[PDB]
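All protein chains but one are shown at their positions in the complex.
Labels for the chains are A, B and C, by order of writing; each one numbers its residues from 1.
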Amino acid sequence: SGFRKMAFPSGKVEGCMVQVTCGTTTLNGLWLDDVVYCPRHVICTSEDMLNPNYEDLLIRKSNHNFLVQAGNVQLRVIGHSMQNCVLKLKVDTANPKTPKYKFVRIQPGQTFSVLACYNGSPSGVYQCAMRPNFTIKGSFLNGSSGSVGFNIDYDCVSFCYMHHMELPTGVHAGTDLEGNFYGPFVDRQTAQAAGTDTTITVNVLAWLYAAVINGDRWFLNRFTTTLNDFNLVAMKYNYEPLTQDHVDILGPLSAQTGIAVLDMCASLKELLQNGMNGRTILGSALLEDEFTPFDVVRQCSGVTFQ
Amino acid sequence: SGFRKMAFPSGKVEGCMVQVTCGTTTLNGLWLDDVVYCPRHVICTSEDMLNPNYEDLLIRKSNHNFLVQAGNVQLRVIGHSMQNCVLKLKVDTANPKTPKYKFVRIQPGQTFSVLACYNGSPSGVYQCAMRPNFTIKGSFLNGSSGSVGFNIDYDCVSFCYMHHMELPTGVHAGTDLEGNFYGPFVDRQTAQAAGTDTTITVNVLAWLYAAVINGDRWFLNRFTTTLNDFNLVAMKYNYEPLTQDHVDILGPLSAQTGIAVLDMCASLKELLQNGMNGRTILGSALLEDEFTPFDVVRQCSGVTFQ
Amino acid sequence: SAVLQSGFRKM
Partner (left out) sequence: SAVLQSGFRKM
């Protein structure tokens, strides 16, 4: 049994990151084969933090200005290039620990295990959910840029994130390994605020599925409501609307637990209307919403490895 | 900023575990140097579940009956022995990835990152807190025995747990690598129930420190109460009593945030008496209590690596 | 009763 914030193993990602330094500005970089993917903040002094000119700054920097350290190993930068909003530093050494990697741009709501790092030493790993406003509620400090988020399935790693900045409201922002940001953010110290945060409904449904399977079934009731009424109530309660695709992806959980999707949709609607009533579901008094159905399946009674 | 359930990196522990099999009963084991520490559940058929005779069972099993698999690598069992409630299988191959390991028996309330595993493949890693009733609220299923919990400091790993059983109330139990249980349990399918669960006060205070430093300071107030009154209120609210040592270990956080210990003790007492009043502290509507002050220091503004 | 775990491996 048991159910809590469980993150993927990190060794395959622990052994594939280095420290990238330019002058007095350093950060973490994701090392794959003979390439190092790093945020382009590396070529930025403190005085030009407001409106960096990344083209001019990159065309000013040289090959030897980039310093790559894999623990205590020194790496030479054979070449450097920029794509979108990241830098690929072609290095002379191929990483022996690089696993089967994919660069996927995950849609909002899909969770992933970020590897919080500082100066090339993995500080830790924890789950995060890509919010609909295209931010992550991670725990990062100065020097944590380049802390990649990833998924692991069938012993294959898919990197889907690279941390870049904190928003003033406390949430964090990042790119994919291709370079494009997640959202309308810009790579400069300009006043940027994410949109209104909306709680993900499908993740809540997966969390309720996990609660039912674990042994907590007080919220279940015989009452059943249609999809459209549930969508209206979620909209007036600031939750993401539920589509047919979300019900379709919940099919394995419905088969595993034996409760139909609409039944727990009605139960969830009633939970919103009457509140949580003061009691507790699996150690949380608020609806946890960073649990995808795939994560529930691979973490609950299913015995999926990685 | 940011603050959530952050667990230690696992690669140094991912690369040091194998699968131990006897007949039709398999499970996970911790491989260190030329030794494999496994639960003695491995020598257990389904029929003798009530009162296993581990001495007779071990004296009946032979060396070749134990099968050790490191992924796709087959390991020969040179010898086997029992200590307390674990088996050390001396194998012919020394693990090249074994790090500096220590076997520490953590006191209740000290958190640790369990590496949930299934059939030798690391399924994931997540934080857990050793409850005062000497249980952990982990997420484990069948075949997860041997999933070691560990801490990492100064790139040195200290194993402090090994999962063995689930209690009927839903919490899990385990040993240390020395073999002694954490609590009054017995290693058999006998009806065993843990005592009344008590929330750890020092961990709550550390969580409040993290909330204050992160930027949430609504609960703070000028009211201040003595230690004895706070202890009485915690006792009548089913929390662990607070001693002088707990205030002493909280010193670094007091210096970092500038808030006196008794001030937040009074604030916490008032929170207990008046409830949480429906608002939220860092995504949780209940007092999180699996955050040690050391974990807060190494996770918050402190830039400690591993 | 305890649900003390180990894997149920075939063969």
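The rule is short, and it goes like this: a residue touches a chain if its C-beta (ideal position, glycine included) is under 8 Å from a C-beta of that chain, and two chains touch if they have at least 3 such contacts.
Shown chains touched by the hidden one, complex as a whole: A. Note on the undisplayed chain: of the listed residues A:21, A:151, A:175 or A:299, the one touching it is A:21.
Checked against the full complex, the one of A:30, A:89, A:157 or A:165 touching the unshown chain is A:165.
One of A:37, A:140, A:159 or A:161 touches the chain omitted from the figure, and that residue is A:140.
The omitted chain makes contact with just one of the residues A:189, A:256 or A:304: A:189.
The omitted chain makes contact with subunit A at the following residues, 19, 21, 24-27, 39, 41-42, 44, 49, 118-119, 140-145, 163-168, 185, 187-192.
Just so it is clear, only the chains that are shown with their structure count from here on.
Annotation: 34 Å between the Cα-based centres of subunit A and subunit C. Contacts with at least two other chains are made by residues 3 of subunit C.
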